Structure formats: C-alpha cells, structure tokens
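Q: Given next are the chains, with one letter for each unit.
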Amino acid sequence: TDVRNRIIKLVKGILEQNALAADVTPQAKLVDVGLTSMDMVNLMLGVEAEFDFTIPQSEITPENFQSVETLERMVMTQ
Amino acid sequence: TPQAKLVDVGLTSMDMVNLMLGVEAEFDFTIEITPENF
Amino acid sequence: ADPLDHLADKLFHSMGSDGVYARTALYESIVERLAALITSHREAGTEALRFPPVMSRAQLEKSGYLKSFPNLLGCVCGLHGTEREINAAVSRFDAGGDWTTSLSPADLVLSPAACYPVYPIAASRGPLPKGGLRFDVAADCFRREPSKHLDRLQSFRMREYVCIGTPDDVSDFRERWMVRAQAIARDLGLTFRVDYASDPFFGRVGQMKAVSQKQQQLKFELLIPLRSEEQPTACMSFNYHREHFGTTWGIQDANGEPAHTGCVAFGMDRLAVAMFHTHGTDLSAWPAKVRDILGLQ
Amino acid sequence: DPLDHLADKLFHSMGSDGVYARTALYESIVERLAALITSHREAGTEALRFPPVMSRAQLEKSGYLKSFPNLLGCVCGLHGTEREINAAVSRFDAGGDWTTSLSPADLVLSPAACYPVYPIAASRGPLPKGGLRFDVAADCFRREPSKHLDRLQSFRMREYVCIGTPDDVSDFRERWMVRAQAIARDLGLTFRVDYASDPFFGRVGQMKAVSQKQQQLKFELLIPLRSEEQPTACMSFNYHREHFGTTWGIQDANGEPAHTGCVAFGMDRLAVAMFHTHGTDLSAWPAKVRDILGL
Ligand SMILES: Nc1ncnc2c1ncn2[C@@H]1O[C@H](COP(=O)(O)OP(=O)(O)OP(=O)(O)O)[C@@H](O)[C@H]1O
Ligand SMILES: Nc1ncnc2c1ncn2[C@@H]1O[C@H](COP(=O)(O)OP(=O)(O)OP(=O)(O)O)[C@@H](O)[C@H]1O
Ligand SMILES: [Mg+2]
Ligand SMILES: [Mg+2]
Ligand SMILES: [Zn+2]
Ligand SMILES: [Zn+2]
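Chains as they are written, first to last, in full-length UniProt numbering: chain A, 6 to 83; chain B, 30 to 60, 64 to 70; chain C, 17 to 313; chain D, 18 to 312.
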C-alpha cells in the first residue's frame, strides 16, 4: 500500500520533528536521516501502535529497520 | 589446680565456650567477658 | 569438547564455580606482561586510576545499567539485621535451612565494567578543559553469566582507556585506539578481525537499541577465533557512548555542551587465554618477537 | 583523623565509605610492596591468584558463618524470568525498589585470601613430607563501612599459607614473624608485634577471642597510624591448628589431620602506613627505603 508508506514517513517525520528536519525518502537509510536509539525505539512503538500489530522479536533487525522501504516491507508482510 | 591457667590444662576455644555455658547452669550468671577473668 | 578446555590444566584451578577460577603463576605472569605492554602505550596526560571490584549501587543505577543488562548485575547483600536475627539465620544454617533469607542489599554492587566509576569522578571537577580528559582505568569486573568456557568468565579483569570531551575529541581518540590496538594484537602474533557489533541489551526493546547501536556503528570489537572462526571471541572493544554519560552526570565540555565519552576496553583474561591458545603453554616456544614485545627475554 | 590529610594524594571518592579509587601514586607503592613481599617468598611455594569472589558453599563449609556472619558480603542477582526482571526494572524506572527481586547466587565476596586454597590443597591427596606452602592474594571484602583510611570495605590481601604437621606450621609462623619484622624495619616503619584475636560475632564470639588470645593463635604487627594507643594491624600471623585440615580432610605425611597457618599482609594498610610515615613525595623517602623498594 501507499498507505503504509506515507504513514510510516509521517511517524518518521513526526519523531524527526522532535529535534530538527530533513528529507525522508524510501531508499534513504534511517540512521542517515538522523534517528538515534531512543528515536528507533519510539519509531518501533509508533509503528506497532499505528498498524495494530506486534513485531516478532525475530524481526527486530537492522535488515528490516534500515530504511523506510525495508520497514514497509516488514509492516506489509503482516 | 585452682591456680593453674585455664588454657594450660587443655581447654581450647570450644571448651571455653561450654565453660561459659556451664557456669551459666550454676547461678544468675549471664556473664561482657574479658581475657583477665579467665 | 571445547578447543580451549585443554588450557585449564596449566592455567587455572577449580574454585567450585563455573567461570570462577584460581590463576596459576604461569597464567598471571602473562596477564601482568600484557598489562605492562598496554601501559607502555598509554598516552601522555592520561590519568591512571585503579578501582576495587565493587562500586556504589546508586552510581551504577544512575548510569542506566539496569535498563540494559539487569540480568548480568551482581549486587552485594549482607546480614544487616539485629544480633538476634543474625544468630537465628546462622542457627537455621546449622539446622539444614537457608541462612540467606536474612540477607538485604548493601549500597554496593560488583562492578560490571571498569569505566563506570570514572564519570562521577570526572563530573566533580567542573567543566572539561579544551581537548577533554583521558583516563586509564582498571578493575576486576563481574557479570552473572556462568559458563564452562574459559573465555567466558563471571569474574574477569578489564583495562580501559577512557576519553571524555567533545564529539570530535572522542571520535579522534577512538580512531587512534582502533589502529593502535590492532598493532598491539599484531605484535602479539594474534589472528583477529575488527568489526561493528552491539551490546547484548535486555528484552524486546533492548533488541531495537542494539539495532540502532550497530547502525550508528557505536561499538567495534577486536575478535579472535578461539573455538572457531564462526563464533570468535571479543577481546577488545572500542565504544562510543555519545552524550549518555555526559548528560547523566552533568559533564559539560569546554563549549558548555553535554560531554561525549568513549572508551577502548581490553579484556585481560581473554587476551591471556588468546595468547595461550595461539602460542601454547610453553613460553620458551613462543615466537621471538612476541617474547621480545612482552619482555620475556 | 590523622590519616585524613593523605586522602587527596592517594584516593578518590567513589561515593561509599571504605571504597576508594586509587591514584597512580598510591598504586605504584602497593605494587612495590607486593614485589618486595614476593622477593621474600620461601622456595617451594606455589603461587595462586584468586578473584574477588568465591564459592558460597566452600565458605559456608569453612565455618565463616559461626565467626563473622556480620562481615560477609554475598553476591545476589536478578535470577528470575524475563517477566520478573522486567517488573523489577519497571519498579526502578518509577523510583521504586528493584532490589526486592534479588536472590542469592552461589558466590560470596572473599573475606580473606586463603579460604579457597584449602579445598584446592585437599584435592591433591595426602601431603608430602614437610607440607605444602602457598602464596595467595585476593581483593577481599568485609562489610564494615568507616571513614578512616585504614578501615576499608574492599582491600587487597596477600598471604603465605602453610599446610602440614604442627611442627611444619609452627616453624613456618616463627620464621615469618621474624622476617615480617625485618621487612617492616627495612621499610622505616614503627611497630610492635603482639597477641591478638579475630573479631568474632556475638556473645560466644567474645569468649572465642579470649581463648584465641590465651592460646596465642594470632599475632599482629601493629603500626601506630592514628595513635600510639590504638595502632593498626598491618600484618597477622595465624595458627588454625587442625580446623581446616579436619574440615577439608587434608592429612599430613603421618596420616594425621593437617594443621594450617598463614601470614597475612594487608596491602592497603601497609601502603597507607608508608605514606603516613614517609609522606607523599617519593623523592624525599629515605634512601634505604627507596633502595629496598627498588625506587
Ligand atoms: N564474561 C567475560 N569473560 C571474560 N572477559 C570478558 C567477559 N565479558 C567481557 N569480557 C572482556 O571485557 C570486554 C568488555 O567489554 P564489553 O562489555 O564490550 O563485553 P561484551 O560486549 O559483553 O561481550 P561478549 O559478547 O563476549 O559477551 C570484552 O571486550 C572482553 O574482552
Ligand atoms: N577493613 C580492613 N581494611 C583494610 N585492611 C584490612 C581490613 N581488615 C583486615 N585488613 C588487613 O588484612 C590483614 C589480615 O586480615 P585479619 O582478619 O587478620 O584482620 P582483622 O584481624 O579483622 O583486623 P582488625 O581488628 O584490624 O579489623 C590484617 O592484618 C590487615 O592488615
Ligand atoms: Mg556480554
Ligand atoms: Mg577486619
Ligand atoms: Zn568502558
Ligand atoms: Zn589466611
């Protein structure tokens, strides 16, 4: 869905706004965007709440949390 | 002897423990205890 | 049949507990020579402190250790009750029961890492000078992870160089120590690689912190294959803490911003075991350059 | 207190009475003292180094609880499930007491350096003629908080331990009582050697001490640090009779339960004594003391 995508970009944009701002694209790496550890924690919760699901600990990985793209690929597979 | 040092006859620590305990069995003794009086 | 197990006979004696061993003269002579080699690389202006195996529980709590590795922490507890209560506890022991029910926590924990006590010490001095501060710290550390593998101890020696300053002070420090530590490992004739890594944080949220740590490349380890190349043993680490300790302890750099910190950590027991695994337990048969570097003659 | 002025050069506060960070100056002297002690080690002495923790069951078996239960530090931890641990952490997060979720491990902080050597020795079968001698060291712990620099909760202990017949142990202790005094004299220290007792807990304990002093099972080398009237014991010379031999089933060369004894050096107390006596400026220390320490 373009729904999951644009919504993820929103929560990423919302957490980002808690300090500064930047350009958030799908292939852009989250760490390069400027997300720190508590951001990544907050982002994982802002996604588990947004889509009424729980990420299996098995899927909490740099692979799935690399970029917005890799993240939607995880949200959508559930 | 009633002059012989208590530890000289062969009363080691556990002996002296029961010796404080045994003297309790006699009277109002609740003994705190110091090196001189033994 | 762990590949390290054969080293026990020459290096250790059992103390009735996995991960807790008496050290032989042979073993300790190499730990001490490794310690002296590390000292020979200490930078001028680095302040050396030696910490005991315990530290303030309140200091450790404040530093956030519980939120990260609650399961590894060893606390000090004691019999703090009245003389009657303590005598009863001992009498229960005498009668086959458990005296430990009378224990309550002290204000101390066993130190899980050498560097923790240095941050409040630094903080008490006021604003950092330009260039920051450097420390050489060491401690017997404790982590509650029993194991029979000789490279995973519950009580082990850690030696760290610690940098406290601006983000630039710290990254420069970590960069130079990553190069030097590799040179040392090379001089020691050890086979190793250096790669990014993460600390084993606790729980599900801990997994995400770890993910972020690896992504930010906050932690490198020097890894030596002891049992296998598939699961190598981390014998040094190069850690960037960002502003975590600076903010916690109110440490301000010379620009008035919350200080960053980082440390290079050497696992003294792991390095010693790495040496015996690599070169064997006969010191006269060690390579000449290695004997030289360690001053074995 | 007379020692207090030494704090600024020797130690940094770690936020707990009797637990201090050691400066490079202080640790350099501890190290030289350790090396000096090593250089007096008797031939045939096996050197072991112990970690700051040991087996709780071994210490229990050694009888430590009947003597100093109030001094013991036990290692405890959060041993529960992830759920239990999470609640404990949650309590802490809220400013609550997470320590109620602690339970005891199978380890204690070592109260003296020699305890772990007795089972090690026992596992080797019967003693050779002339007994066994060990050189041991550990960071020890005793739960006695104090502000005085000579009364620490965490401190280094170094010991020479003898295991053998009564004559072996007794000869060993006499050699070391003379030898220790010569070392103290070479270090420029003021001292006397006197009968002493361990600080046994409770009523019965007070009578254990009297009997200990009476049997002369313990001497101490006492150095005036805060006063001549209350000197500080910096070394001890302990005769245990057959207590550990019997406890651990160690038998001497003649089939008898072995006797044991030890000479204990309090490394932090000796170092503090050196700084109190000679001051914190090493270049000014007397030439014979500098030479003896290899400075
Ligand atoms: N259980 C242990 N036994 C021996 N040495 C250890 C142990 N844990 C850590 N060390 C050593 O001390 C250093 C401690 O820093 P660090 O906290 O990075 O360890 P770690 O990341 O927990 O390791 P590991 O993945 O092996 O558990 C390590 O690099 C290692 O050399
Ligand atoms: N709390 C302490 N702080 C520093 N060193 C200590 C402490 N307790 C013991 N030591 C050192 O360890 C040595 C051997 O231990 P030992 O059990 O003989 O001490 P002790 O007899 O309890 O003494 P005290 O009456 O001094 O507390 C002592 O001679 C002393 O030098
Ligand atoms: Mg670990
Ligand atoms: Mg004491
Ligand atoms: Zn560190
Ligand atoms: Zn002893």
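No lab work stands behind these hints: they were computed from the structure. Treat each hint with caution, since some may be false.
[Stated by the list, open to error] Listed below are the simulated DSSO-like cross-link pairs for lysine-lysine, each with C-alpha atoms no more than 27 Å apart in a straight line:
id: 1; chain 1: D; residue 1: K146; chain 2: D; residue 2: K83
id: 2; chain 1: B; residue 1: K34; chain 2: D; residue 2: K78
id: 3; chain 1: C; residue 1: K78; chain 2: D; residue 2: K78
id: 4; chain 1: D; residue 1: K164; chain 2: B; residue 2: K34
id: 5; chain 1: A; residue 1: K14; chain 2: C; residue 2: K164
id: 6; chain 1: C; residue 1: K164; chain 2: D; residue 2: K83
id: 7; chain 1: C; residue 1: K235; chain 2: A; residue 2: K34
id: 8; chain 1: C; residue 1: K305; chain 2: C; residue 2: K83
id: 9; chain 1: A; residue 1: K34; chain 2: C; residue 2: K230
[Said to hold, decoys possible] Listed below are several chain D residues computed to face chain B (Cβ distance under 8 Å; list not exhaustive):
id: 10; residue: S187
id: 11; residue: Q223
id: 12; residue: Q229
id: 13; residue: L299
Just so you know, even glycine gets a beta-carbon here, dropped at the ideal spot from N, CA and C.
Q: Next, verify each hint and record whether it holds.
A: The hints, checked one at a time:
With a C-alpha separation of about 32 Å, the suggested pair D/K146 and D/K83 falls outside the 27 Å cut-off, and the hint is violated. Restraint check: the Cα-Cα separation between B/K34 and D/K78 comes to about 33 Å, which exceeds 27 Å; the hinted pair is violated. For the suggested pair C/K78 and D/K78, the alpha carbons sit about 37 Å apart, so the restraint of at most 27 Å is broken. Simply put, D/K164 and B/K34 have alpha-carbon atoms about 40 Å apart, too far for the 27 Å limit, and the pair is violated.
A threshold of 27 Å between alpha carbons decides the hint, and for A/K14 with C/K164 the separation of about 48 Å lies outside it, so the pair is violated. A distance of roughly 32 Å separates the Cα atoms of C/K164 and D/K83; the hinted pair therefore is violated under the 27 Å criterion. Restraint check for C/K235 and A/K34: satisfied, since their Cα atoms lie roughly 19 Å apart, inside the 27 Å limit. As the CA atoms of C/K305 and C/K83 are separated by approximately 45 Å, the hinted pair breaks the 27 Å bound.
Only pairs whose Cα atoms come within 27 Å are accepted, and A/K34 paired with C/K230 is accepted, the gap being roughly 13 Å. Interface restraint check: D/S187 against chain B, minimum CB-CB distance 16 Å, threshold 8 Å, status violated. Hint on D/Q223 holds. Least Cβ distance to chain B is approximately 5 Å, under the 8 Å limit. For D/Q229, the suggested interface contact is upheld, since its CB lies about 6 Å from the closest CB of chain B, less than 8 Å.
Proximity of D/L299 to chain B is violated relative to the hint, the smallest CB-CB distance being about 42 Å (cut-off 8 Å).
The structure fails hints 1, 2, 3, 4, 5, 6, 8, 10 and 13 (numbered hints given earlier, in ascending order).
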